[PDB]
Amino acid sequence: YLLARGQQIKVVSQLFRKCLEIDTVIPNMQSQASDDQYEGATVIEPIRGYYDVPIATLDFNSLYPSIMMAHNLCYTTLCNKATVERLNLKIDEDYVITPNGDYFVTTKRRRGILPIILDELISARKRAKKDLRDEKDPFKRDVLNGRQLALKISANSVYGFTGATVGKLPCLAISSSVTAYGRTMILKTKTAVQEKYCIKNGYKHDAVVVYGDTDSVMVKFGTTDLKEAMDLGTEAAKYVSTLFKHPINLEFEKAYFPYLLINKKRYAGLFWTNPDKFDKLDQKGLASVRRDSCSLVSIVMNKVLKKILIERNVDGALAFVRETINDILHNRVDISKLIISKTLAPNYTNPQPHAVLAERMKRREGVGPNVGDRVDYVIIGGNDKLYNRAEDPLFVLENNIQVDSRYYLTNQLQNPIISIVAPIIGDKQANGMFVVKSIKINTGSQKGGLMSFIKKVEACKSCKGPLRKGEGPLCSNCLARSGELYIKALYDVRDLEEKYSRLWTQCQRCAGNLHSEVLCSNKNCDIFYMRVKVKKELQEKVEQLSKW
Amino acid sequence: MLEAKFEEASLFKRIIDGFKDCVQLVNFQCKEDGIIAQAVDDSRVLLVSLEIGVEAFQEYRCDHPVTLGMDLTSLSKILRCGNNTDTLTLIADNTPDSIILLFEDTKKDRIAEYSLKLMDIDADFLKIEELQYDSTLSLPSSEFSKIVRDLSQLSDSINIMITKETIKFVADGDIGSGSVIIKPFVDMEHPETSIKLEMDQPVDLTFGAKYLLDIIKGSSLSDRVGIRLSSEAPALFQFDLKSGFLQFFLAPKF
Amino acid sequence: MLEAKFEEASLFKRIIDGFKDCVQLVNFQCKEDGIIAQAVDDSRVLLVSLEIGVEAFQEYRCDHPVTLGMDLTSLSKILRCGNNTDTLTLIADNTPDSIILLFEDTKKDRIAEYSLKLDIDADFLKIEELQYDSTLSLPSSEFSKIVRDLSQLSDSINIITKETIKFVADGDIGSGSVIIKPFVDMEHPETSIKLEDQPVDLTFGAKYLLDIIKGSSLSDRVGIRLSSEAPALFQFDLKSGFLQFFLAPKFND
Amino acid sequence: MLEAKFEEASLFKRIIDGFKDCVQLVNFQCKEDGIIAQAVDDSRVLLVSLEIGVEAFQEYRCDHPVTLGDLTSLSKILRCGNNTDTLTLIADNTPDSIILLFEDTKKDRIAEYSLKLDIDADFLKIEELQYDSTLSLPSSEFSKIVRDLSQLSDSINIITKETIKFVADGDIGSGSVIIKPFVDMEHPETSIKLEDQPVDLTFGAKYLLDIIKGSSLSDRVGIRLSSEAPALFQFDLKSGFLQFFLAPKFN
DNA sequence: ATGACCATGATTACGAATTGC
DNA sequence: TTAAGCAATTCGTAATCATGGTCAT
Ligand SMILES: Cc1cn([C@H]2CC[C@@H](COP(=O)(O)OP(=O)(O)OP(=O)(O)O)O2)c(=O)[nH]c1=O
Ligand code: SF4
Ligand SMILES: [Mg+2]
Ligand SMILES: [Mg+2]
Ligand SMILES: [Zn+2]
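Residue numbers (the deposited numbering), protein chains in the order written: chain A, 550 to 1097; chain F, 1 to 254; chain E, 1 to 118, 120 to 160, 162 to 198, 200 to 256; chain G, 1 to 69, 71 to 118, 120 to 160, 162 to 198, 200 to 255.
A portion of the hints provided could be inaccurate.
[Unchecked claim] Derived pair list, reagent style DSSO-like, types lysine-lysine, alpha-carbon separation capped at 27 Å:
{"hint": "1", "chain 1": "G", "residue 1": "20", "chain 2": "E", "residue 2": "183"}
{"hint": "2", "chain 1": "E", "residue 1": "183", "chain 2": "F", "residue 2": "183"}
{"hint": "3", "chain 1": "F", "residue 1": "168", "chain 2": "E", "residue 2": "117"}
{"hint": "4", "chain 1": "G", "residue 1": "13", "chain 2": "E", "residue 2": "168"}
{"hint": "5", "chain 1": "A", "residue 1": "989", "chain 2": "A", "residue 2": "852"}
Hints in this document: simulated from the structure, not taken from any laboratory.
Produce the entire structure from the sequences given, and follow the hints as far as they go.
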């Protein structure tokens, strides 16, 4: 069942078991047609900017399961006004009302079964996290993290199933009640941590809730010190948990010394769980940790955030961005780093690039990616709509068709880099460095409908003077630079031949064989898409050096 | 030092707007006999090639072949800032970092000195491998533009049938079809309305309308267009100038 | 075959200029005396009726009655390909599956043949009102002006008192009232305005009025007939026929 | 009761269309002499002041001084006015709306419109200052120059040695246009005026693009520049003027 | 001469993808 | 017969609407 069935069958089995052990029968409620959406959470406004002050982070321990098991929320505790009036139940002792308006009964009347299921799931997650705590290997650390992450999905899948209209026993009352409770709880903890930690009570600064993501509140205490910020965050989380029901508990999880809040549900910073060394560099929602963006953007954003947060030198970051722009414009970026992957869908109303690509591959090759497969492509240059400009990276590598470098500069790399460097250097200074001051039109080995039977008049060098009737790589006007252009060409050829040798010898070492031919189709190797590019470029540069 | 003083800015404005959309970055080669610039679109099926001889200009002080990395959008923005009574002059120093454009009005008035930055497009200078075309037809440019427009309104693939001395356009779309059959016309009153077909070879070729929609934009410079067609060689659309041409090279889709 | 040749290509264009915006699909029923076609909007508030006689043709031959229904947006594309010196000619065979439009000149042999695929299974033609309580006539450009002026202030326009044409519209930003009286001393047989029984007071929908006034291209004089609790008649005169619009009023109490 | 009778219906139309884009809510303070109206821009950088005299109306009663507090609604109503029409403003005592009578020479065509009028105008104290430079040039020339130089940059640099120089330095390049006063042509309307101290200010392009929309009331536009005060852009009327106060950019 | 009509930016809407709780 | 939830951003393409350039008048 774990491979051909979703998360509903697990909660169904748990519910049936707990019911059988409690003398209860689950009705066969005919599933309603569908629904649009009910009211979820209330994500706080993200005060954007660059924050060098340590921002503590306080989040809830399994917010929705804690809310469920804290208020006796279940199917078997769901009363209404008529029921409480007929039974004459006292308020606040026998029955309670949720912020959504629904009625439930306290644990004094009947213990639910969703609380028991959630107790089981959180007691499993506790040991799954303890095992990660007592573990050293980073790969095994990630494995135990994935194991823990799958035990908090099911604990949240309980609430999801109670709120899932498509599926058996859809009780939207309980899902709406837990969402209302969560919203009110984050609002109350924001108010409390802004009230207690201020000037009047005897603190240095005014604590401000910088950002909130429905369970967390990134309070900024103002103290530039980091250890003091961690201690204050711990004290604040403890005081807040003091003001809630037993299963609920706020915990100080992390601190962000350099904090860059890009937008809503999008930020980055340094993970400080210890006041002596940062753990990692987070990237929430940014185009680097996404999958519908070429890996070049990911690498560039990683390096830029490393230079800005870890090393704190914006000048080097801007220089690297300029170098990357120059590489993009001059076709100095490998095809492997310009590959965008998108998950195919069954039906498409608005045509998409990967859908049309898969259709063209089926029409051309003989078989294409079915639904659910991640189709990868690059954006070739053209005039028509973008969905008509997308090609298999192997087809591009074979046919040598040019890549739309301006597209990758403006549509892929411009916006994320701008959004991450603007809070530091301003909007205009950040956008100025994205002007196209240089271009390299390849127009090479593209023999096709028109790119065939065309000449290259071989204009002069360093001046492009068409009056090159006199033979030689230079015209009589700028002949005084005949000792520098040769140096440039020769050093280009040197770099290219060194790289070519390294790549092909490396391919032979990988193939294990030396006396045999290496015909490798592995397109997931970084050196793939690069050996052929370097071979072509070295061929052209050597043919250019042969003019002297 | 290049100093190309024109006679009227509208000439150069139309020259640029004729192909500012298909291509966007060109290399203008100001040599010792005028200006010449060729480029190819990103689809690599359209090749624009412009030649303005020194006769079209009024003054030409360029003594050393210089190159200008023109971005057509910025240059069109600059040219839109010109009047219809100005003698636009393009000036450039020895090593050009920027180009100067002066729309000095004939009557003593406000001179308009704009300094447009230049780039280095680092592209190759191409040239068509010539061949005796199968049919070199001449046709009034306005009629050709109207034909392309109303036909492309239907479908996205226009076909040309040059047979038995009657130029024929056909287009088969989803909503229907459209077939224009113009006979070879000749008259003494209107020299522009002149169509003289060549029976050298019958030509049945189909081009994408997405490129003819850009070809027909340079229809204001030349009152008549010369279309050279060949079943193997790529078709040519020549818009003749006062001392040059704005000829496009298009290849039938296949 | 079906041979219907218009005197000028620019006639069919203006004829369809009224349909294109409001009418989605229409089945043209050809006869031996001319062409007629009707349709109703998807909301069933406005009814269009086309009547084109032979007198607006240089030659007509429709021996057998024909019935073809197509799209106006696609047909308008075909009609826009017509020069001001060409002659339109509808061409359809027996039981047509597609219509053929033909443009020809008179000094240079230029044949422009366009095909157009054509059926909604609906040929409901119903007209009931033949007597209205008031009849008026005014320039087509003047009425459209008042209509588009009043539509800016509200979503409805109320049009009739003794010997006066009143146009009133009340909305959020304010109100607007235009009162036009028939007598004019201009002595021009076109910009004149006539009015001929019982007071009429009915409010219509602006959007429908905007779609109706777009028929001002067919002629230079539109007649408006009003009748309480009856769809008004918005007719545009034509040399051999007319294009009349039947817009139903709104319940006001 | 306030009852104005515009000489031409197109007059008030051009008057409102010259500034209906940079401001949304204005108060028309109508008095015995005429109507005064001023308001700040939505971004609070552009100040406009409207002045109309009794000399531009065929009949102007204005019994009591009343304040007329949406430029969009006024423009939508004024759009109905045709050429052969005499727009008549009508305001009662303490009004909540306003009648705009579009009468015609032919008394068989009458069109009246009512427009619902609360604006808390932060009334500023405008005062005639002694500006460093006082020039005047044709309105079509200035509008053309601004439309030209605004494409190159968002900021425009404007007089040294009795000669103005419009310069705009952007990213795609820079543009320069020289300016010399002259009255050589018999017609003066195409003449350039200029009068004390060198001045070099820089204004945002967008506000200049909104101001040049006032090139529909007069064929000339006067410019008064001061290094320590916002500029003065005024278009002359037969019975008043419509002036603009633009705050320059930072140095 | 006056808007007419075609062409060209702003603005809105929604599909599609992915990630954040 | 079977499928956890919602909130949020970003990008592409179309539809619609304001506004200017040029033409029959
Ligand atoms: C990830 C995820 C989360 N939710 C909801 C449910 C409540 C909130 C809290 O989620 P969170 O990942 O931060 O972790 P959390 O459990 O709250 O806390 P701890 O790691 O125990 O401290 O988000 C969900 O419905 N489906 C999901 O897949
Ligand atoms: S490209 Fe990769 S898989 Fe192929 S030979 Fe080189 S290293 Fe091995
Ligand atoms: Mg949490
Ligand atoms: Mg969270
Ligand atoms: Zn040289």
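Fill in: Structure versus earlier hints - violations, ascending order
Going through the list in order, the structure violates hints 1 and 2 and respects the others.
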